[PDB]
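Here's a solo chain for you in structure tokens, the form deposited in one PDB entry.
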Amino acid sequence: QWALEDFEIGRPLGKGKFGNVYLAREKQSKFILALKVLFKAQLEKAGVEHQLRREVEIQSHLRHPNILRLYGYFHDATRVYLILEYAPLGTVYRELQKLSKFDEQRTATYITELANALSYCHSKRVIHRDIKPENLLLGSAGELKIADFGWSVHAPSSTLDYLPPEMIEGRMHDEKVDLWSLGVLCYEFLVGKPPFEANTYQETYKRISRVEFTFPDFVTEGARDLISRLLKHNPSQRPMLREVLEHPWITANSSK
């Protein structure tokens, strides 16, 4: 029974394809939160109703510290308003821009929090399929929080920088999608670029399907081992989030 007049809106937190995320405070409780204002125009013209519902669906019943919470939603005659947890330290995307690349301690800790959140999600057959820095938010304690479950789906289903080969090639894909993305992320955190970056979508597609990536010298063998395990063309060869959390390079550098 919410309404746009229940909130004071302020700082824009980010511009999206279908709308914008705004800082907002609930007038009666003074509760600070983010308001994602999606436009039905663009949404309907794209047919992302099940995507939007699945986002509200999944992210509502997903309660986890390393997952951005969705408190509720409402809509008027044009826009759809998602009332989201506010992440005061912004995106991991912005932090990479700021720090260029991450040390093994910060990286291994974000990977740990990711695997936890992803382990909670996979235990419910929920697979994100869009794990990338701009969807990784930071809480007040710097804790990583996965957001944007638009492309989230249950069980198997059917840029490119973070998508595994099965997805970009259209095949059927399961939880192992996020394990691949996790390896792409681990790489981007240490190197500052994702491993299959190219100047064109068509080049990146080739590099992903062939799994053509090389490590800079400053990438330690421990991180290389984890990443090579996650970036296996074959989803079944990719580890599970538990070999990842139990991977010696993680336990050595993670503060969790």
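Numbering follows the first chain given and starts at 1. The term rigid core refers to the maximal set of C-alpha atoms that superpose within 1.5 Å between the two forms. What changes on going to the form deposited in another entry:
Hinge residue for the rigid-part rotation between the two forms, picked from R54, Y205, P235, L190: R54.
As a two-part rigid-body motion between the two forms, the smaller part of the chain turns against the larger by 15°, taken from C-alpha fits.
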The other form holds:
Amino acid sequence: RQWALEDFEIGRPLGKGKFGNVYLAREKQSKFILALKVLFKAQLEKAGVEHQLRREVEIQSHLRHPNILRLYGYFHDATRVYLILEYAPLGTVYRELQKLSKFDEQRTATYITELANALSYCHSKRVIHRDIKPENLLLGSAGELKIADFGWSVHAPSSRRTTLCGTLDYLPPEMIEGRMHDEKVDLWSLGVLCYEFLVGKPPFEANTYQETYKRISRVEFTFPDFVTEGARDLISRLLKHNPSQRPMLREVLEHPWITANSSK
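And the form deposited in another entry, for comparison with the form deposited in one PDB entry?
Chain alone follows, minus partners and molecules.
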């Protein structure tokens, strides 16, 4: 439908963005609580991220999965852009990791299970997220994982996939080495994410971006002693330099360490 600001009741601000705020909102017709993200066009064009906004809206509006933050629609006036998003009441996985320093194996395996289910849904539509990281993950009412921020996402048959994009600590090696990439970059970043959940820090951390790009390209990382053998096996299977050697999400869900620790 032709959404407009007159269709929503606006409450308190939920959080902060780079080019606006996110408010608690309610659809007057059904009294359904949602999240309203405001994006100032002046702050958008100054950063030159308008193309990423077009990508996020045109892709995320077609994704319906229990572990993907729904984008019900959007609209815009002369000064701002509005995104009608699903409400995630428990916050970001990033803040939960800041609190607990690191997650146990049960909470981590359940997150990976849910994330692999959503990625399998995206990959079934030839859609690659290319920005998996805790700061892009929200938590549902029952504590379920919800993937958000699809600005770096891509439709594989509709692009050449030869430009580097994502977050520094989560970049796959094929991107740093300038080669064509596909759905396997989500499998790499999933393994980087599994490491940070159990350890508390990304595996290729460095004081400069020169060294991080070097450590990723050569796959230079080690495990602390408290990481179990089943977790090292999954992360090592996911953090393979060759994208073709990385497993399928179906196999990640069937991995013995996920099967023995995941709640879902």
